[PDB]
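Trainee: Next come the chains, spelled out residue by residue.
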Amino acid sequence: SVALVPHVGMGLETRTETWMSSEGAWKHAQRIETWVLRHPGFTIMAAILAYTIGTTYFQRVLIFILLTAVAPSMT
Amino acid sequence: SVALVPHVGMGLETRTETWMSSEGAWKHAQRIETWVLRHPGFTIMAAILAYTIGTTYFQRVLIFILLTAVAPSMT
Amino acid sequence: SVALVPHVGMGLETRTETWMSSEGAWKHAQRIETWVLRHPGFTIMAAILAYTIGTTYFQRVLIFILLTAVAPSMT
Amino acid sequence: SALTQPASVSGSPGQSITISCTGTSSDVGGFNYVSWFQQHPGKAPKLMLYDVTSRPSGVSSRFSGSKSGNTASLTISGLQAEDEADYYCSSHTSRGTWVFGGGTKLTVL
Amino acid sequence: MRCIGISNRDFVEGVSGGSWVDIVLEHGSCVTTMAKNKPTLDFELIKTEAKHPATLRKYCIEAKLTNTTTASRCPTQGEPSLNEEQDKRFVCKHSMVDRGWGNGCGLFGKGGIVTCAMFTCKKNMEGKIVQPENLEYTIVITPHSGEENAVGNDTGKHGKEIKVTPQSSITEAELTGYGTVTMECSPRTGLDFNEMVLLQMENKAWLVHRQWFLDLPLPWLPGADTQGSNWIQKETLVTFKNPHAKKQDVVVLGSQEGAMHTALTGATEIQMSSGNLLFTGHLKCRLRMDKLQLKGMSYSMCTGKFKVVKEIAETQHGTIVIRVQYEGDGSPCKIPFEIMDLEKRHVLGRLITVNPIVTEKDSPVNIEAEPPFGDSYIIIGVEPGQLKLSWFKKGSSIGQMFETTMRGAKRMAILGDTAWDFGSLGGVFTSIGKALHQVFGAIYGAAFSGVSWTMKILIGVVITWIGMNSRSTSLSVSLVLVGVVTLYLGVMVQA
Amino acid sequence: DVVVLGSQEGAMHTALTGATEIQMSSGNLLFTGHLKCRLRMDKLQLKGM
Amino acid sequence: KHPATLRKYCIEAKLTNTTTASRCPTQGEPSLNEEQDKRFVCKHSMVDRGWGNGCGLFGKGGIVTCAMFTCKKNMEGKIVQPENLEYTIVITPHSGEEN
Amino acid sequence: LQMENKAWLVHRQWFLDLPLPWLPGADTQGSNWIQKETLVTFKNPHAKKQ
Ligand SMILES: *[C@@H]1O[C@H](CO)[C@@H](O)[C@H](O)[C@H]1NC(C)=O
Ligand SMILES: *[C@@H]1O[C@H](CO)[C@@H](O)[C@H](O)[C@H]1NC(C)=O
Ligand SMILES: *[C@@H]1O[C@H](CO)[C@@H](O)[C@H](O)[C@H]1NC(C)=O
Numbered sequence: 001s002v003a004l005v006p007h008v009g010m011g012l013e014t015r016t017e018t019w020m021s022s023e024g025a026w027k028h029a030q031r032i033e034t035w036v037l038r039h040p041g042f043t044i045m046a047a048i049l050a051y052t053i054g055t056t057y058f059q060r061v062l063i064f065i066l067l068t069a070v071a072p073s074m075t
Numbered sequence: 001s002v003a004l005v006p007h008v009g010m011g012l013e014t015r016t017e018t019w020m021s022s023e024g025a026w027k028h029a030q031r032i033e034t035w036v037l038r039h040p041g042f043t044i045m046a047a048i049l050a051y052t053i054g055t056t057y058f059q060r061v062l063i064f065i066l067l068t069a070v071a072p073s074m075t
Numbered sequence: 001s002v003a004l005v006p007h008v009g010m011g012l013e014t015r016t017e018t019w020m021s022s023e024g025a026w027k028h029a030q031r032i033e034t035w036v037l038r039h040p041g042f043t044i045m046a047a048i049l050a051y052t053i054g055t056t057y058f059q060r061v062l063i064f065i066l067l068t069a070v071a072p073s074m075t
Numbered sequence: 001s002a003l004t005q006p007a008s009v010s011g012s013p014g015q016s017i018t019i020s021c022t023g024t025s026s027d028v029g030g031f032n033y034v035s036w037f038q039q040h041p042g043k044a045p046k047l048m049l050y051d052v053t054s055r056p057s058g059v060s061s062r063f064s065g066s067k068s069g070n071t072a073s074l075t076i077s078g079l080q081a082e083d084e085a086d087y088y089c090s091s092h093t094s095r096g097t098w099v100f101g102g103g104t105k106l107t108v109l
Numbered sequence: 001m002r003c004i005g006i007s008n009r010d011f012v013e014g015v016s017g018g019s020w021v022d023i024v025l026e027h028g029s030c031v032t033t034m035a036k037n038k039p040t041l042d043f044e045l046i047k048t049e050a051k052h053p054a055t056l057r058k059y060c061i062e063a064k065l066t067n068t069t070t071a072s073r074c075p076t077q078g079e080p081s082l083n084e085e086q087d088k089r090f091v092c093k094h095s096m097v098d099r100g101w102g103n104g105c106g107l108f109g110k111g112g113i114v115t116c117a118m119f120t121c122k123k124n125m126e127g128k129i130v131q132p133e134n135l136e137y138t139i140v141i142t143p144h145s146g147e148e149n150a151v152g153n154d155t156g157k158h159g160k161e162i163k164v165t166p167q168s169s170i171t172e173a174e175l176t177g178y179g180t181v182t183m184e185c186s187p188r189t190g191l192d193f194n195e196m197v198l199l200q201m202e203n204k205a206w207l208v209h210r211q212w213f214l215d216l217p218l219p220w221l222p223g224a225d226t227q228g229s230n231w232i233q234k235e236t237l238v239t240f241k242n243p244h245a246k247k248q249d250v251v252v253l254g255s256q257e258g259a260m261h262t263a264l265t266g267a268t269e270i271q272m273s274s275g276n277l278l279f280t281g282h283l284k285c286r287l288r289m290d291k292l293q294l295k296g297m298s299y300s301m302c303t304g305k306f307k308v309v310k311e312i313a314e315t316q317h318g319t320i321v322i323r324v325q326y327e328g329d330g331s332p333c334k335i336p337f338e339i340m341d342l343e344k345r346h347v348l349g350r351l352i353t354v355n356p357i358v359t360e361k362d363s364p365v366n367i368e369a370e371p372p373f374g375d376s377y378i379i380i381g382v383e384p385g386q387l388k389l390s391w392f393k394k395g396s397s398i399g400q401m402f403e404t405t406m407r408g409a410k411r412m413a414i415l416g417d418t419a420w421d422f423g424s425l426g427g428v429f430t431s432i433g434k435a436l437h438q439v440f441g442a443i444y445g446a447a448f449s450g451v452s453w454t455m456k457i458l459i460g461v462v463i464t465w466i467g468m469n470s471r472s473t474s475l476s477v478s479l480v481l482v483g484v485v486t487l488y489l490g491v492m493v494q495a
Numbered sequence: 001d002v003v004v005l006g007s008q009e010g011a012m013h014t015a016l017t018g019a020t021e022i023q024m025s026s027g028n029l030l031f032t033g034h035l036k037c038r039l040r041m042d043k044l045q046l047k048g049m
Numbered sequence: 001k002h003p004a005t006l007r008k009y010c011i012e013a014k015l016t017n018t019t020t021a022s023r024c025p026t027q028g029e030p031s032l033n034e035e036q037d038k039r040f041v042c043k044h045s046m047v048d049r050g051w052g053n054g055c056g057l058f059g060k061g062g063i064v065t066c067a068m069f070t071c072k073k074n075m076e077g078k079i080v081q082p083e084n085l086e087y088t089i090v091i092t093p094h095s096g097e098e099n
Numbered sequence: 001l002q003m004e005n006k007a008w009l010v011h012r013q014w015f016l017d018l019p020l021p022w023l024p025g026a027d028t029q030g031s032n033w034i035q036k037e038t039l040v041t042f043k044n045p046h047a048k049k050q
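Protein chains in written order, with this note's numbering: chain F, 1 to 75; chain H, 1 to 75; chain B, 1 to 75; chain S, 1 to 109; chain Z, 1 to 495; chain W, 1 to 49; chain A, 1 to 99; chain G, 1 to 50.
Warning: the hint list may mix true and false statements.
Straight-line distance between alpha carbons at most 30 Å, and here's what the computed DSS-like set of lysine-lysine pairs gives [said to hold, decoys possible]:
| id | chain 1 | residue 1 | chain 2 | residue 2 |
| --- | --- | --- | --- | --- |
| 1 | Z | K122 | A | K73 |
| 2 | H | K27 | Z | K88 |
| 3 | A | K14 | Z | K204 |
| 4 | A | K43 | G | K49 |
| 5 | Z | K157 | Z | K58 |
| 6 | G | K36 | A | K78 |
| 7 | Z | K47 | H | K27 |
| 8 | Z | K246 | A | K1 |
| 9 | Z | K410 | A | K43 |
| 10 | Z | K47 | A | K60 |
| 11 | A | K1 | F | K27 |
| 12 | G | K6 | A | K8 |
| 13 | Z | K36 | H | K27 |
| 14 | Z | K123 | A | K60 |
| 15 | S | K46 | Z | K128 |
| 16 | A | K78 | W | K36 |
| 17 | A | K8 | G | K48 |
| 18 | W | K43 | Z | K247 |
| 19 | S | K46 | Z | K160 |
| 20 | Z | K204 | A | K1 |
| 21 | Z | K241 | A | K73 |
| 22 | Z | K36 | Z | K247 |
| 23 | A | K14 | Z | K388 |
| 24 | Z | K310 | S | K105 |
| 25 | Z | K310 | S | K67 |
| 26 | Z | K47 | A | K72 |
| 27 | Z | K128 | H | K27 |
| 28 | Z | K64 | A | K72 |
| 29 | Z | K64 | A | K8 |
| 30 | S | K46 | Z | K88 |
| 31 | Z | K204 | A | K72 |
| 32 | Z | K123 | A | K1 |
| 33 | S | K46 | Z | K204 |
Don't read these hints as lab results, they were simulated from the structure.
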């Protein structure tokens, strides 16, 4: 829908407060946290897969973060 | 927005068709395609970052895919 | 409780006596002594734990003192 | 919530007379939105003071305003016959409204 | 005094040979200009107006369907046809249903079916556009006269406002008593209104990117359309439901107003009811102070007694404003005002309301001055009855340096490559810095457009780690700088 | 200032993607799901035998 | 049969009776009588204050904005106990009848 | 800080950290106490009644 393309990285930004800037700043992270709490099973699998794939600990953490961030949103 | 928390993975699906299955089957992939077209620059830099971080092509390709899928999402 | 956060260590002191300075100077020491007397069992365990986390008598004595001071405080 | 002023005030000509406007922490004890209005009989109020002390361009310099805590005071130094009028005190309150004093009638005699 | 009491104040000090200075003006901000022989002025962008907007697209946020019709065809007979498929005010879909003897068909297969309904818009959001030549920036220039407009409106002074348009980008203010000031503005560079849409939706208007506006997934009209009836993406506002294979149906998707509000996050809200007013953005102007003269510099010291009628207060910027009244002789006199030390051996602070003078005896004048950090004494008047005021400024010089570096960096974050013009007096270092910022910002905006602040922070962390774990020092330092700048911009991006 | 932030009917319609529609207009009827039954053929006798 | 309402969501509201209260810097929070009522949505924030707007100080003054929240459309969500779950089945033999 | 005919000179941040129900400095009604839960306790001993 329109809500899925929320006019964020378009430049055009100034000192004046934008629309819904207090909430949209953290609502995405709040949503991801709620999803991870409501679906513990997938997060464990994501950690296991990232550990398997990531050679170093940097790669593993990056892959795990990307997986857990894209799992709910890709929905 | 509620629109960011759809009812997809709830595990109640039957043989009956769902609310917007036809429409919503490819909406996210269409959004990712459109975003990647409109913002090529982030695509090149994500490819560079994935190539650097990923020691093997599997890791590099996975990282690039996840970065590209997650960038429009938070956007 | 408000009584658990006294107006102590606030840098507002002058020559004039504070509200309950004389009375409350040694209240904490009296309380810790009474707790140690009433509960000799925990003091022995604290001494044993301090000795186990040792390698130096300064370390052991400091750890034992901290544990004994925090046992009543944590309550 | 009306600002409290003395019902009446009288001062001999050429003297100095003071008027009090006691309010709350919101109207006259919280903000400098204190204004004094002079109303001659049969006429609209005339802004005598504003911002506690500032006086309008045409307003004489004989009129001085002071504020202390929840109380704002108006003083008249010349006490001319033309000064005999009814004086109202107003303040813009914290809730966005305007409150007026009960008004004091100043008499020279 | 207009520019005092605003936390976004900027102090621009110094004019170059030619008596001009480059100042960027922002809507929420204010600029106080201090020059040596010139008086102190306050500049505020108080209004941006776009006139004669032209609609380029009218989106539908709420529709309805009225005349549903269905055509059905037996298997192997091809897809059916409805006469209303040719109709552009109808939304249609082709599906397949099970067919057989029970359906009066006779072949037992998947018979194609078509269902159509009339799409009618009940609510739309305009997408007006404005030509860059139709903008008009209103600016108020107020000098630090230390006086007030005075309530007596028979004479109204101290209120000079200048309108700046792309056609007339050079204008002079005639500040009474101070000569005249010339502003050489460049409205054509403040905002690219060829890539912006004035999005108006139910008595609320936003300023949005034009490609974003054209990418919205709602049905739209061309903009010149005066009857609807040719909505383009009608399928985005309807759903065709074929549960199992019995029937096909079509329903609308409810008001999209709230989904639009969610989509508009990160778009600056404007006003479009009584004209198109944009209280957002900046203006780059050149200040011509050559014909700008201090008022009353021929006057003499007062040599009288002053009384404080407004007690000294500290503004949000480290300066102090006081209001004194003169009670003496020689009404048009310079006010003796010094910020000394306790023994009065050294001059510690510089006043901001430069050349404070008394024009009328019964007329208070309020002085703004910048004291030093720590103890300082404000001296007003001369030996007989001189009033000595004490003051303590709580900050630190290191703290002020840190705050100014932070303010400059924040200005760069908002006015990227235009922050080099905010106080620029020409010069070669400023030009080189601005060119480097332009070249770097081109790449940065290309590589970071359409990315949320969380993604910016993630990418900054990744780049910083890559630079840290780099064998080459030349690459490591550059990568670490890029990562830290990315982290900063992500931490201060949403506005 | 405070604004009421629009109407969320369409946002909910998008959120309900992946949820099967039902009929609660009159009776709360459901036309989705299954039902496992055990069939008893004991008393079934062919007609026309 | 006989579903029980578990929760009513609001999908379309309206705000009315908006009011605001301000206080000078360092003097605390402003107070609004409507803050007591839960039908009013309220928020505290800071505005620039100074001589210009009637304050003796030049800090960030606290401000509270309160508006009345009224709901116009609902998204009621009901629940059913499995006991009131009438299923309907149709058994048709292969009788061979014409229709 | 003044409390029942005795006054103290306290630290401002400490005073604003006090875990008691409070009213704003300018509150006319006197009834909209903020953190009332610091001065009441709710009892559900056996999960029978509260
Ligand atoms: C649509 O239906 C209405 C009845 O509500 C009818 O009056 C109108 O003529 C119809 N329009 C068509 C079928 O194009
Ligand atoms: C179905 O049965 C009804 C009544 O038994 C009959 O009228 C009809 O012709 C049959 N065939 C259909 C509806 O295709
Ligand atoms: C809100 O305002 C309306 C007038 O529009 C009035 O009738 C009503 O009583 C007000 N409610 C409150 C709680 O003040």
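Trainee: Does each hint hold? Answer for all of them.
Mentor: Evaluated hints:
1. Between Z:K122 and A:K73 the alpha-carbon distance is near 18 Å, which keeps this suggested pair within the 30 Å criterion.
2. The suggested pairing of H:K27 with Z:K88 holds, with an alpha-carbon distance near 24 Å, which does not exceed 30 Å.
3. At roughly 15 Å between alpha-carbon atoms, A:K14 and Z:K204 fall within 30 Å of each other, so this suggested pair holds.
4. Between the alpha carbons of A:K43 and G:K49 the distance comes to roughly 35 Å, so the proposed pair goes past 30 Å and is violated.
5. A distance of roughly 46 Å separates the Cα atoms of Z:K157 and Z:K58; the hinted pair therefore is violated under the 30 Å criterion.
6. For a cut-off of 30 Å, the pair hint linking G:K36 to A:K78 is broken: about 34 Å separates their Cα positions.
7. Taken as a hint, the Z:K47 and H:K27 pair is broken in the structure, with Cα atoms around 41 Å apart against an allowance of 30 Å.
8. Between Z:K246 and A:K1 the CA atoms are separated by roughly 26 Å; this keeps the pair inside 30 Å, and the hint holds.
9. For the given pair, Z:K410 sits about 27 Å from A:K43 by alpha-carbon distance, which is consistent with the 30 Å threshold.
10. Distance check on the hinted pair: Z:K47 and A:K60 sit about 24 Å apart at the alpha-carbon level, within 30 Å; holds.
11. Distance check on the hinted pair: A:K1 and F:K27 sit about 38 Å apart at the alpha-carbon level, beyond 30 Å; violated.
12. At roughly 52 Å between alpha-carbon atoms, G:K6 and A:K8 are farther apart than 30 Å, so this suggested pair is violated.
13. Of the pairs offered as hints, the one joining Z:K36 and H:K27 is violated, with about 63 Å between alpha carbons and a cut-off of 30 Å exceeded.
14. Annotation: proposed proximity of Z:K123 to A:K60 is violated, straight-line Cα distance about 41 Å (limit 30 Å).
15. For the hint linking S:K46 to Z:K128, the alpha-carbon distance of about 48 Å lies beyond 30 Å, and the restraint is violated.
16. At most 30 Å may separate the alpha-carbon atoms for a hinted pair to count; A:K78 and W:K36 meet this at roughly 25 Å.
17. The hinted pair formed by A:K8 and G:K48 meets the criterion: a straight-line CA distance of about 28 Å does not exceed 30 Å.
18. About 37 Å separates the Cα atoms of W:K43 and Z:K247, which puts this hinted pair outside 30 Å; it is violated.
19. Proximity of S:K46 to Z:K160 is assessed by CA-CA distance (about 28 Å); at most 30 Å being required, the pair is judged to hold.
20. In summary, the hint linking Z:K204 to A:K1 is not supported, as the alpha carbons are separated by about 44 Å, beyond the 30 Å threshold.
21. Pair hint Z:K241 plus A:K73 holds up; C-alpha atoms about 25 Å apart against a cutoff of 30 Å.
22. Restraint check: the Cα-Cα separation between Z:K36 and Z:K247 comes to about 84 Å, which exceeds 30 Å; the hinted pair is violated.
23. The straight-line distance between the Cα atoms of A:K14 and Z:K388 is roughly 57 Å, outside the 30 Å bound, and the hint therefore fails.
24. Restraint check for Z:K310 and S:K105: satisfied, since their Cα atoms lie roughly 28 Å apart, inside the 30 Å limit.
25. With a C-alpha separation of about 11 Å, the suggested pairing of Z:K310 with S:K67 holds against the 30 Å cut-off.
26. Pair hint Z:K47 plus A:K72 does not hold up; C-alpha atoms about 36 Å apart against a cutoff of 30 Å.
27. Using a Cα cut-off of 30 Å, the hinted pair Z:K128 and H:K27 holds, with the two alpha carbons roughly 28 Å apart.
28. Restraint check for Z:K64 and A:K72: satisfied, since their Cα atoms lie roughly 20 Å apart, inside the 30 Å limit.
29. With a C-alpha separation of about 25 Å, the suggested pairing of Z:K64 with A:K8 holds against the 30 Å cut-off.
30. At roughly 68 Å between alpha-carbon atoms, S:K46 and Z:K88 are farther apart than 30 Å, so this suggested pair is violated.
31. In summary, the hint linking Z:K204 to A:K72 is supported, as the alpha carbons are separated by about 20 Å, within the 30 Å threshold.
32. As the CA atoms of Z:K123 and A:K1 are separated by approximately 38 Å, the hinted pair breaks the 30 Å bound.
33. With a C-alpha separation of about 41 Å, the suggested pairing of S:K46 with Z:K204 is violated against the 30 Å cut-off.
In summary, the structure is inconsistent with hints 4, 5, 6, 7, 11, 12, 13, 14, 15, 18, 20, 22, 23, 26, 30, 32, 33 from the numbered list given earlier, while agreeing with the others.
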